[PDB]
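This document opens with one chain alone, in structure tokens, the form solved without the ligand.
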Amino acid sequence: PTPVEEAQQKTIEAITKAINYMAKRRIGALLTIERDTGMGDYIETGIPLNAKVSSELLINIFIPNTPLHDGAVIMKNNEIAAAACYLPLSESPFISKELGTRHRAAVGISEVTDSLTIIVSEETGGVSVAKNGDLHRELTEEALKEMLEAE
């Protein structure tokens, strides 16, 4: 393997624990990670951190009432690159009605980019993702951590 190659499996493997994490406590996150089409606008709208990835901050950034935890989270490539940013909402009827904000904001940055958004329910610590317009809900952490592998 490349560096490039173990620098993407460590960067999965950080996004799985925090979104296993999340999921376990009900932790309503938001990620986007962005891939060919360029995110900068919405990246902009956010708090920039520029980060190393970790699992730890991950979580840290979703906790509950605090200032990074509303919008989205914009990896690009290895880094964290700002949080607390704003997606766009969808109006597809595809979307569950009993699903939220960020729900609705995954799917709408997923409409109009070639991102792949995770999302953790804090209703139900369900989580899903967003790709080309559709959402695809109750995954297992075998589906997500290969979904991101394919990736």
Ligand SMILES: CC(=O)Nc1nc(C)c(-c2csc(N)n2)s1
Second form
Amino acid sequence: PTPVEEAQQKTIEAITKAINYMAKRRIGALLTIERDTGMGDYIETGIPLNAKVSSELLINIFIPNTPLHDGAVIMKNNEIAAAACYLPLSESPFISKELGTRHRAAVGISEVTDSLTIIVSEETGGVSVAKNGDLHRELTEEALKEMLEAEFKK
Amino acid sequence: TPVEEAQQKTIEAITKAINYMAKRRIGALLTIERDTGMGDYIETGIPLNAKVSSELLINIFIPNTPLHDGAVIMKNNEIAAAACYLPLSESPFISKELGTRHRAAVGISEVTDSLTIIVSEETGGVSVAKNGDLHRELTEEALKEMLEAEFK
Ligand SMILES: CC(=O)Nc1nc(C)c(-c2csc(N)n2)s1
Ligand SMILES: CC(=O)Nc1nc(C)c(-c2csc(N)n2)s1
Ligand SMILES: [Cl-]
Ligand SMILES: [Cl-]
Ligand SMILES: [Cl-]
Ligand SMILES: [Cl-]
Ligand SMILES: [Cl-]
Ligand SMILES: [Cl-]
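If the one shown is the form solved without the ligand, what is the structure of the form solved in complex with the ligand?
After this comes the whole thing, all chains and molecules, with the earlier chain placed first.
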């Protein structure tokens, strides 16, 4: 385990801990992780943080009725770049009618970037992921961690 | 100058966040490093190294959240860490009207030249600890003058 590999693993654990905490509490969340496609244009629409990753900061951002909780958090490598960001809303006809704006935004950014977006439903606490225009819903924590590990490789 | 404009933006962010928390009576503890290094206390909290904004400061201190207990420590115009430990003053002149937040603020002000702002969770009153003294029930004008004196 090189320092970079360990850093990546700590970031993955930080994400999965935060998502699990919010899922249990029905705390709605929208977390977009930059991959190879730069997302500066969307990062600039939010509140700049440029912060180190922690599960604690991720949770604190999404607490309901707070300044930062609406909109997307966008992450870069080992960084929380900005919160309350705008994302394009998908027009896909495959987006279930019972889903929220968070899901429409996550699929939207996944259609025009190679990013990975995680969504926590404030209705059910269910966890979903948007990638390449596809939305995969009702993920177990095992499924989420394995997705992140597969996606962080490259 | 760019530095000066950055400083005033930081002061405005702090004062807007403190005003918000005072109105809601949200307890808060914010220490700003000056010439005495505070790395030993920064290391006790959660690393952030985050840009200052009123929004982030508010989100940190929301009650019953991971980051709300402990001190935020600011250094070099950034939020270095949250949920940090500070030394509790042993002064016999701190009123028992005041909380652990205030005793920690006075304590760090006894061993550093930092400026610490405290919002009371009971009254929303704003105080500042500097050089071992605690200045209570501050107006918005007095807090801004203190921060301007401190950043100059
Ligand atoms: C064109 C447009 O409207 N883009 C949006 N993006 C995001 C991330 C939004 C949002 C609103 S409330 C919430 N939790 N997330 S709206
Ligand atoms: C020895 C010791 O414990 N020092 C402390 N520092 C800080 C900043 C504290 C705090 C603020 S709010 C809360 N519940 N605790 S206790
Ligand atoms: Cl970019
Ligand atoms: Cl939702
Ligand atoms: Cl779901
Ligand atoms: Cl409170
Ligand atoms: Cl908590
Ligand atoms: Cl208090």
